[PDB]
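Peer 1: Spelled out, the chains give:
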Amino acid sequence: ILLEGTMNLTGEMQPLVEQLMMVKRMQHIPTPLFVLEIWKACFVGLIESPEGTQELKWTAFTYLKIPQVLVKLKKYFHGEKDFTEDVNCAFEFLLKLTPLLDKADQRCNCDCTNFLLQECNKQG
Amino acid sequence: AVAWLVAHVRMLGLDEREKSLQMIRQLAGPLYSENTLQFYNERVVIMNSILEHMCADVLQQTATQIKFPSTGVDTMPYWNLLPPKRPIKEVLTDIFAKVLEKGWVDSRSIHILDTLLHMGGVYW
Amino acid sequence: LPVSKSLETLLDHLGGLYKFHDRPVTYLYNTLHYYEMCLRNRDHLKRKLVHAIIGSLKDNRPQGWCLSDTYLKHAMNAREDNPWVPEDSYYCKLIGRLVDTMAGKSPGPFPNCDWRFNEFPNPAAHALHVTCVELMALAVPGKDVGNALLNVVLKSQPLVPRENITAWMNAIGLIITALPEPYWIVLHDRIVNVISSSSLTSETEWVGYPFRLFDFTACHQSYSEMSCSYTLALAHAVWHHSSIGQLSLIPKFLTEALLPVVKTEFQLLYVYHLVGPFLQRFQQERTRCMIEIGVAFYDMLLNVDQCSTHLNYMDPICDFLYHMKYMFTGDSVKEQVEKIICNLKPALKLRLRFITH
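Residue numbers (the authors' numbering), protein chains in the order written: chain A, 248 to 371; chain B, 618 to 741; chain C, 978 to 1334.
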C-alpha cells in the first residue's frame, strides 16, 4: 500500500484490490490483522516523508483507499463475520496505540477533529 | 523555454550562454510592472515559476547552480537523491540494512529504489 | 525561617565562598535526604533563596548557566507560582541541552574555563548540579519529576523527535540517577500502578501478542508505538543508570506492591521485561537478594496458576526460569522453591521436573 500510494495515487480504480486479494489468500489471511496492517500503512505515511503538497497527495490517497477497502469488504467475502466485528476490534487495536494519533496531531495539528470528521465521513 | 533548454542540453553545453540566458530571461521574477493583462501577477506567476522549476530540473542540474527563479516555499521532495561520488553498491546499507530492522518501505527509499531500477537493469 | 534572611544577607556578604567550585549536589543531597517531603519551611526559605543562590553562583562571567537565567526571565512577577507551570516544555529544553551534550553542538557555551578546572571530565558533570538546582526550586517536583518526564514521553512535545529517542532515554536515565531518592521513587508506581493494569486482565484487546510489541525497538516506525513499550524503555533506562544503590530497594518493592497486581500472563511477561535483564548487576555485588527475586518470580507463578485457564506462551517462561536457575543461582535456592513449585499446573510440573531435581 505504501508503494502504490507513493507511486500512482490515481489510475487505480480496482487493481489494488486484486493484488490485496492475492497477497491475502496467498498468505496467512486474518481479516482483523489485515485491516490493522492496511491502516498502519495508510497512516505511517503522510507524516514522515511528505513536507508540502505530498501530504495533500497522502491524505487524498488515504481517503481514496478507504472506499477501496470498503468495496473490498462488501464484495470479497460474505457469510462469516461479514466485516462488522472484525472492523470493531480493528479500530480498537488502532485506539490501543495512542502515539499513532499523537504523531498524527504533531503532523496535521488538528488530528483530533479531523480524525473524527474522516471517521464519520467513512461512516457514509 | 523548456524546449530550448532541451536543445541546449543536447547542444555543447560547454558554452552555457543561451542556457543561463533563457534561465534569467524566462524568470517570473518581474511581476509585470507594466499594465500586463494577466490579473493574477502573483498567483499565476508563482504557479508558472513552480511549473518551470518542476520541468527541466535535472536538465538545469547538468550545469552549475542555476539562478533559482522559483522562490517558493518547498521544492520537489522527491528527487534523484543519489550520491554522485559513490557506486551503486549502496542498497545493502542505505536500503537493505535499514529495512532489515525497519518493518516498512520508507517512501524516501521507495522513490530511491524506483529511480535505481530504471537507471540500471532488472537482472543485476 | 524569618532571620534566615540575615544569613542570606551574610552569604551575600560572602560571595567569595563560591569563588572556587560549584558542587552543591552533595550539599543538597545530604541536607535534603528526608527533607523533600517536609520542605515547607525550607520551601519558604528557598522562595527567597532562589535569587540568592543565583547571585552567589553568578560571581563569574562565562555566561554558561542559562537555566537559572531562564528561570529569572520567567520569574518577573509572582515567583512563587508561575515558573513551575510550563515546566514540561521547559524540561524539553533542559533535556534538549543534554541531548546536545553528547552529539550536538559540542563546542558550545557549556565547556569552557577551562575544560579541566571547573570539574569538566564531561558536560554531564555540569548537567548534574544544574538539573539539581532546577528541580530543587519547588516541593511538588520530585513527585512531579517522573510525572512530567512520562508526560513529555507520551505527550510528546513537537520539539521532541521520534527518531533519536534513545539519546533522550539515556538523558532521562542520567537525570533520574542523579536526583535524590524522593525524585525517582515515583517510577515504581509510574510503571506498576499506571499502565501495568490499564485494562490488561482478560479482554485487553487483540494486542495480546507480547513479543513483537512489549519489547522495545518495536516503535521504529511511527506505528508499533504502544505506551507500555515507551514505559518499559524509560524503565530500562533508569534501571541501567541507577544500577548502584537505587536498585537495592527493588526486591522488597516487588514483594510489597507487585503481589496483588499480577493477574494475567502478559503481565508476567511485562514484569519479566522489567526485572530480568538487570539481575546480573545484583549478582555482581548484591547476590544476597537474588533468591528473593527468584521466589518473587516463583510467587508470580502461583498467581498465574490460580486465575488462569490456559497458558499459550508458557514454555518461554519455563526455559527463562530454567536458565535463571542454572546460569545465575544454581543449587542455591532449592529448599525455598521446593515448597512453592509443588502448587504448579501439570504442564509446569512436566516442564520443571528437572528444576525440582
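Where hints are given, some of them may not hold.
For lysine to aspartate or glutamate, the following EDC-like pairs were computed, each having C-alpha atoms within a straight-line distance of at most 16 Å [as the list claims (entries may be wrong)]:
no.	chain 1	residue 1	chain 2	residue 2
1	C	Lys1132	A	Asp352
2	C	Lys1023	C	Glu985
3	B	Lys719	A	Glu284
4	A	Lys343	C	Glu1140
5	A	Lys304	B	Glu707
6	B	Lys715	C	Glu985
7	C	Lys982	C	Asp1036
8	A	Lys287	B	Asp723
9	C	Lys1132	A	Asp358
10	B	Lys719	A	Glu295
11	B	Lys719	C	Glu1182
12	C	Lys1132	A	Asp349
13	C	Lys1240	C	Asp1282
14	A	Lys304	A	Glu284
15	A	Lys343	C	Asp1020
Hint data in this document are derived by calculation from the structure and do not stem from the laboratory.
Peer 1: Hint by hint, say whether it matches the structure.
Peer 2: Verification of the supplied hints:
no.: 1; hint: C:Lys1132 to A:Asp352; in the structure: holds, 11 Å
no.: 2; hint: C:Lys1023 to C:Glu985; in the structure: holds, 10 Å
no.: 3; hint: B:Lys719 to A:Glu284; in the structure: holds, 15 Å
no.: 4; hint: A:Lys343 to C:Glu1140; in the structure: violated, 21 Å
no.: 5; hint: A:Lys304 to B:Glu707; in the structure: violated, 29 Å
no.: 6; hint: B:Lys715 to C:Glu985; in the structure: violated, 58 Å
no.: 7; hint: C:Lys982 to C:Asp1036; in the structure: violated, 20 Å
no.: 8; hint: A:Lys287 to B:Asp723; in the structure: holds, 13 Å
no.: 9; hint: C:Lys1132 to A:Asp358; in the structure: holds, 14 Å
no.: 10; hint: B:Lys719 to A:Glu295; in the structure: holds, 14 Å
no.: 11; hint: B:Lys719 to C:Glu1182; in the structure: violated, 25 Å
no.: 12; hint: C:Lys1132 to A:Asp349; in the structure: holds, 7 Å
no.: 13; hint: C:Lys1240 to C:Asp1282; in the structure: holds, 10 Å
no.: 14; hint: A:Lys304 to A:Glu284; in the structure: violated, 20 Å
no.: 15; hint: A:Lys343 to C:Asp1020; in the structure: violated, 41 Å
Against the hints set out earlier in the document, violations occur for numbers 4, 5, 6, 7, 11, 14 and 15.
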